[PDB]
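Number of protein chains: 4
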Amino acid sequence: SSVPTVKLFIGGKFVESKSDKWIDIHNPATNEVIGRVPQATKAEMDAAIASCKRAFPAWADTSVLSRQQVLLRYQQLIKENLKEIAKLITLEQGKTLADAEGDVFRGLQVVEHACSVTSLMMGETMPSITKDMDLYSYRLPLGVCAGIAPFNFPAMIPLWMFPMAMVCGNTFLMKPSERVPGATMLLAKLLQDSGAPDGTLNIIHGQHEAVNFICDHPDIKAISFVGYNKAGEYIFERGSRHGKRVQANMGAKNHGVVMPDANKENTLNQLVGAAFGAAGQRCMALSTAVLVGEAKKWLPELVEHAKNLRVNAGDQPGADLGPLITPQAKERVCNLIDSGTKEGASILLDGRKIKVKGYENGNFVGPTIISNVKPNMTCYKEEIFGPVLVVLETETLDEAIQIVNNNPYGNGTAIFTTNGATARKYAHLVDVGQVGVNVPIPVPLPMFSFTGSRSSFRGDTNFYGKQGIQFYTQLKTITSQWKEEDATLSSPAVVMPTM
Amino acid sequence: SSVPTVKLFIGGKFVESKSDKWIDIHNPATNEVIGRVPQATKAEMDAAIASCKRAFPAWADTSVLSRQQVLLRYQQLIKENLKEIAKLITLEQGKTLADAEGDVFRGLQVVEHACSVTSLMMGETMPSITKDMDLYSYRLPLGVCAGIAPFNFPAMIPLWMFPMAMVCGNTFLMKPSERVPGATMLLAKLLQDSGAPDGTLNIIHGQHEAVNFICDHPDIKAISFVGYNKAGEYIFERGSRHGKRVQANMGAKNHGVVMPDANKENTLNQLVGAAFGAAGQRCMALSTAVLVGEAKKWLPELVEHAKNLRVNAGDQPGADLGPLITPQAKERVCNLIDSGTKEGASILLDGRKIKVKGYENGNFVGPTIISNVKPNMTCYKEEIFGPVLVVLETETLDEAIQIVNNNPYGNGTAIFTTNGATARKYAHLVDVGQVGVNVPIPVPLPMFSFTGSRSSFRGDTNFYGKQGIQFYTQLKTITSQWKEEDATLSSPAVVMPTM
Amino acid sequence: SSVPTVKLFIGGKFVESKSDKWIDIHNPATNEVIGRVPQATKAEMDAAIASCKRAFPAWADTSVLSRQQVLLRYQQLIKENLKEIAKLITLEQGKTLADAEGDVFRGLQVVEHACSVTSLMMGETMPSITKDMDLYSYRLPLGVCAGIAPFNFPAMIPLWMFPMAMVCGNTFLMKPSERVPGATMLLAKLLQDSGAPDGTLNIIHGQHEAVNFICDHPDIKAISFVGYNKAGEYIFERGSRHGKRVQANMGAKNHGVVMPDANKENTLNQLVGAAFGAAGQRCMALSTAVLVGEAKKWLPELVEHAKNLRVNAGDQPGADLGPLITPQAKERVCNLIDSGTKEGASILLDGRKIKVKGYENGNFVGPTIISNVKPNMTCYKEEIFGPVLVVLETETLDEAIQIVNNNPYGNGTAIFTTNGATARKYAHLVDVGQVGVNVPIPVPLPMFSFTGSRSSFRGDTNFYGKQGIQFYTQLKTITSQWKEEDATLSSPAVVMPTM
Amino acid sequence: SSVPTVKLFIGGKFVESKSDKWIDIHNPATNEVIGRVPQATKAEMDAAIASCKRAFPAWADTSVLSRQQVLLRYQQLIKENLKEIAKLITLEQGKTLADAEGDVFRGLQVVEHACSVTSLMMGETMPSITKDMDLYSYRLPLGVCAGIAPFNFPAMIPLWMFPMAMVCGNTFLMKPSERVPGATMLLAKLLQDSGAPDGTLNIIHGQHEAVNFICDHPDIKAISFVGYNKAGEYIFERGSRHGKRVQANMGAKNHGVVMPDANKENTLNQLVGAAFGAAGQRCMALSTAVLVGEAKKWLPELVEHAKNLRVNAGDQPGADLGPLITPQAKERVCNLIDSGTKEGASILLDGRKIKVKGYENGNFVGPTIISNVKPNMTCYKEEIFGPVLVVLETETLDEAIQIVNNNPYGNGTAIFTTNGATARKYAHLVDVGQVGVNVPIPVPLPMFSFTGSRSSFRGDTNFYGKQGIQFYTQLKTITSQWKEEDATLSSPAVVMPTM
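Chain order of the listed sequences is A, B, C and D.
If you count by full-length UniProt numbering, then the first sequence holds residues 35 to 533, one letter each, in order.
If you count by full-length UniProt numbering, then the second sequence holds residues 35 to 533, one letter each, in order.
If you count by full-length UniProt numbering, then the third sequence holds residues 35 to 533, one letter each, in order.
If you count by full-length UniProt numbering, then the fourth sequence holds residues 35 to 533, one letter each, in order.
The following block holds chain A by itself, in its conformation from the complex:
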């Protein structure tokens, strides 16, 4: 049977590629080829940005209401077609149907927060600041924008960058991930069906040449990347030279500090469902547990709670976590556990040799809890991105505050306790703004900004709120002085103002 390949979105409809190099998309559950992704040459990637240059004016001159109604209808069109997108997400990423649907549900709250731009991208003006002096502020579209998507989220990250860039008057040159692009094509089909003009969103495929081409054309004003440190700094440096704005969200590693006063069962369940959920392939996991004081006596109970986790494909019911995105991720997460057990870290539960029934040739990795680890091994100083949970054994809360503040990468942190006087102290004494009391994963809901401090977030501005307008638009202040002499046409200006 012919392997159904994906088609680019250059122009106004899906067009077939013309290159020769193909990337094989394997089913994470069965490791079976289910699609081919092209590697379009420089000519097609150039024609895409060219088509972006002939749709920018018609889209920018439109009103904010006309632009936001398209997204208002897009949100409903996606809401009525959530199962179709979730099925592709589960088939091409391995996430459970529940998590696959939750991902698309989270990708709609941004389109909902992108319809209220009419109250933001207007400007300010204050007259009579000086004798016949009046000021006006405006916000103009930047031009053509770009965006790269990682393997983690094939529907969340896509619906984070182009929606606001389009509702602000810009056109997007998107580059989906090289492992699961189907969701992006389905979302582009729904966007075209929602009444959006042609040439707004241009999809291009690739592995490493598209990333270079993105930061090559001087006609690119903004770039958005969610990916992990490795390609974050590279893209930032290569885009800062060409003279473009760059925003990035690198993979983080949140820390969870448990206290004795906290509820044992609830906190243990949250920790075991947040560090091993979705195969740990999330942008904000809880793989770093810190049992403080007496809390380090529930480790056997945590292992028991992690045992009952049903490791199975996302299509089968009753499953919690799925397989990994690629077979190489399994080798990496196995070498990490090997390095851990080499240095003496005791592994309570292991999943390197777990073979689920029905899906043999798969990347299924089970929960792997590690304890007695020091802050000097690769198990703690490296992103795991898998069903791994490292447990620390400190004495007091300050011994945890001093370690959760030195971690290189971090988006937020979690503190499981019931006393408010200590929770507020832990919140005020940390460098991460996304601190959650008894909350496993503090997520940056689209109604509020993101708090990536130093190394988990490159760039300056964000995607939504009052920071996405300041990233896809340019401010323009005009201070105009129109002398009073022209009140009548019988007197010129022979004076000047003061300060």
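Hints were generated in silico from the structure; no laboratory data involved.
Among the hints, erroneous ones may be present.
Copies of the same chain look alike in the list, so a pair counts if it fits in one copy or across any two.
As the list claims (entries may be wrong) - Pairs of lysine-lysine residues, derived as DSS-like cross-links and limited to a Cα-Cα distance of at most 25 angstroms, are as follows:
id, residue 1, residue 2
1, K330, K517
2, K165, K117
3, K415, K364
4, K255, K459
5, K113, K47
6, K459, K517
Given the coordinates of chain A, assemble chains B, C and D onto it according to the supplied hints.
Relative to chain A, chains B, C and D alone:
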């Protein structure tokens, strides 16, 4: 006999430095030693940092209603001592008595904005993200802040860094310049005599031995600098490699485009006041005049207007422009003026050899106008920072717009015309942040922010305004999921909180 | 007599009425009977209000998202069904097809603006009132709204009144004009086909008895009216008798002041288009010329631009203007022209006596430029509402400003010039709320409202927009009187609280 | 026998009147003369408006940021001078030492919220919706405003008038009450010492001849008033006739609806502390009361709860009541309650002969709860303005909505129930916006607006809050169409789009 030496402000008292190296502060109008600033030693800077740390907790725990009253009294003490603060800048920098007063006025105007915020404080809550789940945001200080001021404004820029930082719970270690420190020892005494605790503001001196300390000490978390590019980039790098926020404003080379339909008298009076005002030592000065169309016949009248400006010391009533800051600037300006004739220019007015009656030993440079200048010589691609005006001549507006958009040192622009359709197109076809129509000095008001440019600024948040408040504070969201679930103690909660 | 009759919308079905006062509708192009509108009996109005009050509760407890989706579907249907509405408009009123298309486009604009109500149905929220006493405020549906339509616009006023009214959760009564009720039938049909519940929108026909019922029934809380000032103040006092809020924006006669330095062609074309557009039967009509200075010599050219208008019917290719709605308007225009001739004013172009090929029976009045008009005749103080352009002559802009200020009715104006200050000190010296530079019709976008005057606006608020929400709703202020003294099953509220 | 005669505020400094007619003040404690109302005549009454107009341009040109510093310092000045104003209020108004303190505290909260108007006094400058077009709006001050205060709250009411007007750039001429001209004078003295230029606020004194002049003066553009049923409507009529925008909160007799399902340990205390506390004629106090169900059983219980509190002079601690304004008002209230006792309204607790020991000349009144009240009673429907609680004997729940709707003064209610559904259904079909579910007095926030539904109000817009800038400012919208074919003077403009 002796020269008044500058002393440090460490702990709360004006203590004398114990260093052996000194830098002589001369009178730019007479080139006579009027003071001596010491190079702060390592122990003095360490004690300043310790004093800033000792008073950070008490200053952060204080409410905003008590922090803003200190500055409300400080702005009144400034308005009462304006005639004294304006008399030291003229003696140490050379600005006329009419310009130092305006600088102090613009400084107290920003102090008036650092108090009346009442909205960007700790934060505002927005509940209903999930069932009885809130997203309370808290705005916390950063810690010990730092600031390096240039010779351009010894009373305006200083009133831009610490007034906005100390109000948001933070402390400050202000590092004044090495040529005009006399205007900074009087702005701190009026702050200590205004109800400010001892330890909230420190002052250390030095040329480069203190900048290295400020950038290397891992306790400072915010640095603010204003000056040239060679030092701005160095400070930015040295402060970003350590992991602390750094903002650096750089000089600007504004461009003025004059149309034939403009007001001759008003345009000529506004151009000669923004090119030869304050001896051309300003941040945003109209150093370039692009005469478009038949407006090239106003050059003789422009020269005649630049020949009527009085060049004398600021103390002498009637002078419009003063001398330069240092003797090394007069030679640098004369070299760039001679470079015009070397590269084929036309110096219509020569101000290299001036003789002020009574001050023939100062760095007095008269108004200089250089016409027949192309965008390739050393007079168009260099920050003169002096009384030199380059006059370009074109015939269409599309060429002036291109010349304006073809310079990296330009952050603001100016258009002189009496038409409503010309200024709009000019402001719409140019790439700048601060546009001004018939405004010689389009300086942003305190309510606004100092919007930078590509090369004239490195960062995202400005010094003052709304962004200046966000620069000196950090955000932290606290997801609770701890609500009235046990308000009716009947049984513990064993259900998963879901949306 | 096979002409069809206009049905009602009681309950949701196109039911007929049983009466005998069937008012005939005459075609304005040929004065031929084209339909009969019945005068609803008291029983019909009773059934209509009964259905409205029955549907009010079912429509108030409905999710606003479903209302927005229904409004979006209605907007899409109106976009699709476009030629039918334009044909109905040009057949009932007689305006050109292009004018009807523009009217339907403005209708679609207001509808899509009403769709954007996701961030307007809620109220203000300010926490931290006192000790643990919060308050959550919203907006509730006011009740049974109503609306009367004028003859000037048969599709604009309905789409301005009933969609914004029913988008917040209210039922709406619609009293269509007794001369152009054709468009509202198709509008209500498309709205019902859009998924709206049967019974939310009701349409009652009549001439004067329906307006009395709407102003007498106690269940009709709010009403809306547009048209002359007579009936405006009539219904205003009738509602005040019962305590009803009724916005009665009537109309304004804007004044246009042209300067000698203006673009002759553009200004003289805009004046012709605004003074002889839609047969002069516009709300914000520019039926005045205040040519200042050397603009007097532009009189003849203007006349030529008025003679170049093809006076024809609505469906004739190339027709610019159309016929009048009723013979009463025609005879009033002829009487006003005769009075202007008798008062001394010189009429350059005479449109009173004109004949159209194949349409010599309909009420057809051509352009009439009445020059030499003073602010003391009858043509300057009257409601012409026809192709009449009174041309006042002056020599300075101050006299034009004075003539515009001493005008009883009128809230809009227009200035024409090619300067930057002549169009800046003219909007301030005048006393109006809508000024236009190079724009004859100063009406803003649906986002804003329609400012009015003594004889152009009555009631609480001006018209739709962000204020239309406040108009068709009530403010719900609900406090939070639950404290902590009874949190952990503790003593009741027995302690005395103080401020 | 020369009591201190209070002065007149015109020109900035306190001047004494010269008219032969004078009026004296009386201490409600023992009817002791305090001062003399400086009733003036056309001499200085006309010059006050001229003085306000002198400082009106200076205050309008001043930016909002500099205008709000005066109020920010006045906030602290009030916080300091709390007991100083409380003493004057207690010896002039005749209330307990805590009621004046609260009146000043909430009035201080008013001026605190009035300082946050820097962002809202800008307007809106929309970007280019169509090529070569823009729309910018302004809020400009009208002129010299005025306002009159009743003898209800000498601190609260004034603290809404000048803080909201002057902050918008206008000037105010306040006419405070004739009973307590001691608090407003000290408030204006503290305001002028805050940084207000002498002239931005004037204060006049007199009688009806003064408000008549305020109304008939042609140089006033706004009127803010608070009065009875007669004065409010009279002022509104006289203003609307003179072309004056009037906002007058009229008398309000509110309800105290009680329900059985509520802990009566505090509801009964609030019943007697709302309408009786120091002449509790507040616009939100619980004057009436509808006893339903078991609430009817608490007929003698509230009598004991009222006997718990004691009547005594305001200056003495432990006092809940206070001496009335005048003995004539005492006799008026006594006759009004006698009119009720003679028609069937039984008096359970008599308060007509409450002569507090020591105060035989003062106007002391006590609890006068009237029982057996019928809807058709005179005193139940008319304004009492005195300490009277008319408890209605009913047993209905759905008709209670009707009993509260029949009351024309729908400005205050109470819902003493524990179930939220009952309060919801009550607030659904209620005429008053401020519901009193489990609240002592539903006092809105300074940011909200406190108006009367239909009877206790005469006007369209709101009073204060963010609606503050809707009544003292004019909205000037400008839609400018600056073409692009005129920037280059070598392109004659002859094309114009006609749509």
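Violations among the numbered hints: Violated hints: none at all, because every hint is consistent with the structure.
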